[PDB]
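**Q** So the chains spell out like this:
There are 2 protein chains.
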Amino acid sequence: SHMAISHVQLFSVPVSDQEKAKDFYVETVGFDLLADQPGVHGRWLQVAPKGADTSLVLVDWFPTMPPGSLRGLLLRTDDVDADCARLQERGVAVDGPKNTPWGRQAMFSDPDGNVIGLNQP
Amino acid sequence: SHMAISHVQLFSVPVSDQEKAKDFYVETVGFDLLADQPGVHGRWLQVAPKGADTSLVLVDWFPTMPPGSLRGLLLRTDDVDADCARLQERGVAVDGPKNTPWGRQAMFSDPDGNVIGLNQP
Ligand SMILES: Cc1cc2nc3c(=O)[nH]c(=O)nc-3n(C[C@H](O)[C@H](O)[C@H](O)CO)c2cc1C
Ligand SMILES: Cc1cc2nc3c(=O)[nH]c(=O)nc-3n(C[C@H](O)[C@H](O)[C@H](O)CO)c2cc1C
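The listed protein sequences correspond, in order, to chains U and G.
Per this note's numbering, residue 4 is the first one in the first sequence, and the count goes up by one each step.
Per this note's numbering, residue 4 is the first one in the second sequence, and the count goes up by one each step.
There's no promise every hint is true.
Intra- or inter-copy, both count: the list cannot distinguish identical chains.
[Unchecked claim] Below, in silico cross-link-like pairs of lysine to any residue (SDA-like), each with a Cα-Cα straight-line distance of 25 Å or less:
(1) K25 with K101
(2) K101 with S9
(3) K23 with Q123
(4) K25 with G106
(5) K25 with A7
(6) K101 with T31
(7) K23 with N102
(8) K53 with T67
No lab work stands behind these hints, which were simulated from the structure alone.
Turn these sequences into a full structure, and let the hints guide you.
**A** Structure follows, in structure tokens:
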């Protein structure tokens with residue numbers, strides 16, 4: 004009848020130095036470390052905002068996704084101004100916050116240059 | 004002291020023909036159409052599993068994300084076998100499902116060749 008898909012489980016973020024990316028997403032951005040799993044196929048590094056249904060895999064093994072190539076990623080936050088102040092204190096350049104029709108937004112990049120947005124609806 | 008980020012609001016999937024991509028994600032994969040609006044950089048086309056927190060935007064304006072370049076996107080399903088049967092019936096070529104250490108998983112491609120996974124843990 005209808006599909007049994009509930010949500011996006013995860014998607015991939017292309018990085019170079021995975022240790023550097025781990026420290027960034029976990030320590031600086033504040034995500035939980037869900038898994039850090041070396042194996043035959045590479046190091047599976049998985050992170051998410053605490054309690055979030057959809058997680059991020061910090062991957063270096065997809066040739067069609069060069070490190071730092073990701074754009075158009077937006078994180079929902081309940082306090083964009085406080086998050087921007089924290090990021091700035093933690094050594095991250097933040098563009099914003101700014102008001103938009105869809106919420107108050109800010110932009111920053113990770114160590115490889117992937118572009119990450121924040122939005123407080 | 005802790006970040007106020009709750010979850011990924013949305014992320015971007017690089018497509019060429021947005022109308023074809025819309026029809027694929029909505030009609031074939033069963034997502035809801037949240038938005039289809041004129042935007043600053045192009046047509047803002049936003050889709051998501053029904054009821055889900057994180058949505059996908061089907062974009063054509065990021066030169067670092069060529070159409071069909073995306074990998075490592077996995078959808079959580081409560082019935083991977085039934086979903087694969089629906090996808091086959093709808094004309095999609097599916098690889099799997101098979102049991103893995105990480106769950107019961109299948110893979111398929113969208114019209115541009117972005118690679119999309121299904122997983123039932
Ligand atoms: C729920 C939501 C809906 C959005 N809808 C649109 C839209 O319809 N058109 C648009 O140009 N941008 C939209 N944006 C923001 C988009 O990222 C915008 O183009 C940039 O903020 C400026 O380039 C939306 C953001 C969110 C969070
Ligand atoms: C929770 C979870 C953990 C996974 N861990 C790994 C892993 O450690 N190593 C791996 O090669 N694949 C892993 N996979 C497989 C992965 O879904 C799949 O191969 C890619 O997403 C598509 O290329 C995992 C999948 C899930 C759902």
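**Q** Which hints, by number, does the structure contradict?
**A** Violated: hints 1, 3, 7 and 8.
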